[PDB]
Structures are given as C-alpha cells and as structure tokens.
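**Student:** This is what each chain is made of:
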Amino acid sequence: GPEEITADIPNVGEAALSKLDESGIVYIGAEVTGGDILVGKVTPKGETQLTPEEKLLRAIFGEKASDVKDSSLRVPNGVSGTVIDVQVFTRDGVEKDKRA
Amino acid sequence: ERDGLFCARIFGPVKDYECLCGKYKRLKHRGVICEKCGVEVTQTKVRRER
Amino acid sequence: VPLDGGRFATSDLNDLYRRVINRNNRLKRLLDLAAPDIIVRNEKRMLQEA
Amino acid sequence: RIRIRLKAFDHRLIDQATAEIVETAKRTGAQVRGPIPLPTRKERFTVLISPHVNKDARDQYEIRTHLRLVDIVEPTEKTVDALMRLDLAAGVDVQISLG
Amino acid sequence: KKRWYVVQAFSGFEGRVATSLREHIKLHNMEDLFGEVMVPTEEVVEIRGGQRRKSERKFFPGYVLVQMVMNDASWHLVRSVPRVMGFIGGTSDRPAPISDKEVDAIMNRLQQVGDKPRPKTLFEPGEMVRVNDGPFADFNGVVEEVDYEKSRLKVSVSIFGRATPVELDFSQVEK
DNA sequence: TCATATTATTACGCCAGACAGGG
DNA sequence: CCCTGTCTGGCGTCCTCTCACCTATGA
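Protein sequence lines, in the order shown, are assigned to chains W, E, L, X and S.
So that you can map any letter, position 75 of the first sequence is 75 in this note's numbering, and since no number is skipped, the others follow by simple counting.
The number in this note's numbering is simply the position in the second sequence, starting from 1, with 1000 added.
The number in this note's numbering is simply the position in the third sequence, starting from 1, with 2000 added.
The number in this note's numbering is simply the position in the fourth sequence, starting from 1, with 3000 added.
The number in this note's numbering is simply the position in the fifth sequence, starting from 1, with 4000 added.
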C-alpha cells in the first residue's frame, strides 16, 4: 500500500510528538534541535503471523498497515534551526489532509 | 526471474534463511534445502561467492 | 542500485552480460532451425564482438 | 467478476469474515458488489441416546452451515493479490472464483 | 535471372525498412532489377492453438531477404534505403548470394505449413506452474489435477497456507 | 507492457614498440 | 639486409566539499 504522513506513529511518545501538529508536519516557528522529527512518516509492514488479536485488529478499524515501519524525516545530526517555511505539494487525486 | 542474471536457484536466497517459497525457518531445522523453489535456506553471503 | 525514482540505472556489467545472453540465445535459435550459413556467420561475428 | 463463497458454522464469525473481505476489496479496488446472504443449510441428525434400549429417548442435533456470497465486479492488479497475504479467521471456508 | 541476397536492418524497424525499400524501387524505377522482399514469417505464437487472436508471432531476427541482381547502382540503391546497415557476405565489393540446393527442401517445409502436424506434449504435478494471464498473472502454483480430455490443468494460487484451485490453459500458464 | 538489441566528429605530448620500405 | 618514417598503444597528483542528471520503443 501507500505510505502515511499522519502523526499516529508507532515507537514514539509525547516527547517527540509534542513538536508536531495533529497531522505530522512540524509547526512554522518550532525551534528544533539536531535529531528531532519534522515530518512523521510510516510505511506498511504486514500481518505475516496474523494471530487472533492481529486478525481481530484487521477487522475492527478496517486498516492494514498496522504497526508500520518508522521512516520519518529527521533533522540531520548536528544542526539546530528554526522552521520558517513549509511547502506541501499534492499529486492530484490524493486526499488533502488538514494541514494541506 | 528464473533463471536470468540475478537468480535464486543459481546463486542463492536474497534474504538469510529466508527461502523464496518459504517453508523452513527453525533453529533445529538447518541444512535441508527447499522443494518448491529448490533454494537451500542458508545465508545471503553466498550470493557474493557463487 | 536504485535511484529512488522507480527505476534502476543499471551498472554496465549487467548490460554487457545481457547483450551476450541475447546474442547467444538468438544464435542457438538460428543454429536450431537451420538458418542459411551466411546469417549464422554474421551471428557468430556479433557474438564474438559482444 | 470475482465471486466469493464464504461458508462457516458460526454465523457471527462468518459475518466478521465477510466484513473483513469487503474492507480488503474496497481500499484497493472499487465497486464491491456486496455481502449477499444465501440460504443456510440446517443439516439435522436424530440419534438414540440410550446404551441399550429406549427408542423414544432421542437427541436431535443440527449443523447450521451459513453461506455468504461476496462479489467483486472490477478485479484490479492490487486488489486480487491482496487476498493472498490476507488469510481469514479459522473455521471459515472461503471460495473465490473469477468469472 | 534474379538471385537472393540478405540485408541487415535496424532490428525492430524491419517492416518499415521493407516498405521503404519497395518505395525506393518504385521511385528510382529500376523495376526490372528487383523481384520481391521477404520479411517476419513462420508464425507459431508460443505452444499450440486452433483459434485466432494470440499474435506475438516473430521469427525474422532482423534480416530482410531481397530478390535482386547485382549492379553497383542497385547496391547503392539498397544501401541508400534508410535504416539499412548493409549486405552480409564474404566481401563488400561483391556481396554474397546465399544458396539454391537448400531452397528445394525449404519449399516442401513451407508447403506443409498447415496440413497434418502439431505434435502432442505432456506435463505433471511438480514443482509448480506459472500464471501470466488474467488477475492470476505474475503468480505461481501447482497443478493438483490435469484434465487431458478437457485440456485444463487445475492449479491453485497456492497461497502460503490455504489458497483457491482455479483452471488455466497451457498457454495461460508456463511450466 | 514486455521483449528488440546498436548510428550522424576532429583541437595533447612524449615515448617506447612493432612494421613495411628501400640502398 | 640494416636504417627508417610511420603508426599504434600507453602513461600523465594526491586528499576533500557543494550541486544537478540519469533508453526508447508501443500494438
């Protein structure tokens, strides 16, 4: 399947996601450090060993991703900064999310 | 594609102990080769030497 | 190598081996179906040059 | 078109399966036909419950085999293959058939 | 008397080379110096077949056969036809015609194109067939059943665990 | 999408090493 | 047959950093 830019992201907690909005993209103005998350991005994994819970979770939300593989964009290790401008370009047909 | 330049039954599996067809993945089940794709479930380092 | 654009800009070796295997398979088929000898001379010249 | 015949003894389970397969279809492809319920087979059985003799003493059992007919009108590249990895819950015999 | 010669074209533009060659003949009106032009024949698709459609038939590997005579004017004519490399022979001064003793045996083989042939084949369950047509294309499986009376090999998508048993034609799937 | 298979520029500077030509 | 122009191949500095750009065809 395609990828996800949304902020419902595995393996992360409050301390990473406090600097993102409700749709993955960092704010305009958030002064970040070297190694935070700017854009949250997760790619498909798979069910493989679909267990009773895994099979029940693949028919309750109606989504098949599920845990996903973190591939979020990060600030390269060493540089600080202040996010001044965010561009979002969308290939036509794709659902625009709330920040686009 | 079997059996072109990049192969699996000539040169070995792409993933370690990961048979192309997939049937052997036990620690007490090593040495036996595959029957479907006939890929000896071994290591991918052997695609550097065959 | 992938170039992260859906395509593989291949290395030169796979291109060369692919040319040898194309020309060799066409020469096996032309020696199979009894081609006239001028054409299989030309085909062997092409294989030698590949 | 891909006709899909779900068969199971538990009806709730079969329902769950059907919904699952619909979900599978609908994200990848488009225009899923729908989950059509066919008639249930109520295969009954009578048996003598006594060791030796009492013929009016009986237990009547039955097995309710439920049928669910799901159809897919447009088989795309992505959709059909999606089912390969997508196995359904145990105790539900599925039967896909394209054309 | 017009003898045969072999022309090399850019492989893939061969029908367009043949058409441009006929047109250059009827432009420079050396009509008495060219007989025919033979291209991509002896079709067979893949295996067997008794219906139409199918297509994807090709034997000519890039060579164009020309009934011709040899003057240097006609030689310059054929090499001035576009997308033509040159003749294939012993030398480039006097290029080589092919034969005539192997034309008698080739004539009998061309007359038996469709009269009485099509030899039978066989198959077995192992290890697995290949599907390249319909939604099952790009998938492999095994033939649990092989109806030789209906010419239909029963092969299941064989999904890791429990797949579904479908029927594919011999040409629809590959061994 | 899945096999088909190669043509219309020149403008370095020695320095060895092999080759046909000729007194 | 021993000089000889002439032609063909084979060299030509290490280390690092930034950027862009990547085969056509096709019933």
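Don't take each hint at face value.
Said to hold, decoys possible - Which residues of chain X face chain S? A partial, calculated answer using Cβ under 10 Å:
hint : residue
1    : 3002
2    : 3071
3    : 3076
4    : 3085
5    : 3091
Keep in mind that the hints were calculated from the coordinates and are not lab data.
Backbone N, C-alpha and C define an ideal beta-carbon position, used for all residues, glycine too.
**Student:** Against each hint, give a clear statement of whether it holds in the structure.
**Tutor:** Outcome of the hint check:
1. Nearest Cβ of chain S to the Cβ of residue 3002 (chain X): about 8 Å, under the 10 Å cut. The hint holds.
2. With 10 Å as the threshold, the beta carbon of residue 3071 (chain X) stays out of range of chain S, its nearest partner Cβ sitting at about 14 Å, so the hint is violated.
3. With its C-beta approaching chain S no nearer than about 8 Å, residue 3076 (chain X) sits inside the 10 Å limit, and its interface hint holds.
4. A least Cβ separation of about 8 Å between residue 3085 (chain X) and chain S falls short of the 10 Å threshold, and the interface hint therefore holds.
5. For the restraint placing residue 3091 (chain X) at the interface with chain S, the shortest Cβ-Cβ distance is roughly 12 Å, beyond the 10 Å limit, so the hint is violated.
Consistency with the previously given hints fails for numbers 2 and 5, ordered from lowest to highest.
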